[PDB]
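Just one chain follows, in the form deposited without the named molecule, and it is written as structure tokens.
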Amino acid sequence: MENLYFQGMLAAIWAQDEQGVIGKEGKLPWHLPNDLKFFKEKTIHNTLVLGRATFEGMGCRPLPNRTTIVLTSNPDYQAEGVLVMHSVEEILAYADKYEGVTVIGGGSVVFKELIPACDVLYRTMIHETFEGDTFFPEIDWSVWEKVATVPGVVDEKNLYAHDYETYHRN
């Protein structure tokens, strides 16, 4: 037994604007194709954890070739093609014994609860302001430091200046 070790890994990944906006009416308030492609690279063949509201904002659809977990207090919640779990503890138990990375995909409640258990943050900082109703939550930034940053390429498909940032624990 290895009940005294945590042998999995949690990454939180998200895109936000310069106000900290991450969503509006369930959906993304911007379109930035390169970031979606980066996101798929990080989640492909891994596990993606989503709070119920975010999941439903995506039209209740799972991304292929990943395992998605939907978090909800509702014991009877079922959706198509996803695991459903009902507590942080339950998420952590799955993550401990999962062979790949358990990616925390949001939304705000999920980030605030699970970021304390994460080992890395992948943030896409979009340098523009949009209208939204959901913000990245207040977290303890004192335990994190930025270890990498790369500017994103703008083109006819990607309209906004943006940075891809990586944070690790100090």
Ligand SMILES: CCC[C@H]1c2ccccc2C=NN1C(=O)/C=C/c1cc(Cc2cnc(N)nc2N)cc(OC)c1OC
The other form holds:
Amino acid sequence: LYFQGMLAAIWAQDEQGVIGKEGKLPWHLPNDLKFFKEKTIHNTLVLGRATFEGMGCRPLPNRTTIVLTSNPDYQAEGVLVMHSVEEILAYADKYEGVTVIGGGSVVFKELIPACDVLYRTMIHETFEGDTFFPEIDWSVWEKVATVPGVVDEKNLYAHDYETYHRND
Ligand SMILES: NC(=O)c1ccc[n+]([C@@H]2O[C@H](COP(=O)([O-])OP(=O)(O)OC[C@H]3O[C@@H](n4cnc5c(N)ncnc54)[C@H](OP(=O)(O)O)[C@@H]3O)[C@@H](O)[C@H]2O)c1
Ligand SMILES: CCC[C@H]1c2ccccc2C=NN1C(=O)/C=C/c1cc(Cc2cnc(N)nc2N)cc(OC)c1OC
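Same protein, different condition: the form deposited without the named molecule was shown, now please give the form deposited with the named molecule bound.
Whole complex next, starting from this chain.
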């Protein structure tokens, strides 16, 4: 499922629902970033400011990044800056590809009801962090695929890649 104008949400979480430690990933799992890379290249990536800043304000190459903030004067290295959910949606509608929500928690909670696809990496382990995937309405979502992740010297944690589509 990959239509133009589509909104998708992508995240990685541990078994507790931890998605971040003060903007940072509390684990290292190179395969997940690869998965992230695949779903976001040549698309638009939407980030809340805290998440953006946890990435050192560095935009990722080969895609458009939108950063969401209420601060009218916020500016940063080579990203679109937008200031409301409504702004994200207007952009998403006209965009020639997928608008992918990359986080963080606040952004996920308010934008996932507009999304058509969920991509999640479930990491079967627990870590310390302060940011959790939010409570959402799962009743409207349906798991349509799941792939186990490869474990090797570089990837030390059992994990799964899950895709959900909507009921309606
Ligand atoms: N123990 C605790 O205190 C605790 C608990 C949970 C999280 N936190 C923390 O909160 C951060 C990450 O949480 P998060 O994942 O929710 O952050 P995030 O989604 O990545 O980004 C949050 C920010 O994006 C903005 N934003 C979201 N919706 C907007 C809208 N509709 N219009 C305009 N701006 C909007 C805001 O920027 P602006 O602020 O510039 O308006 C907002 O504060 C971390 O730095 C972390 O340490 C701490
Ligand atoms: C993979 C090599 C490096 C690089 C990159 C370079 C060139 C081309 C593509 C990419 C793809 N992204 N790249 C990143 O460093 C990873 C991005 C990233 C993302 C997320 C969010 C995320 C994380 N994971 C998931 N599943 N959802 C997500 N929504 C969080 C991060 O830190 C807080 C990230 O940086 C560590």
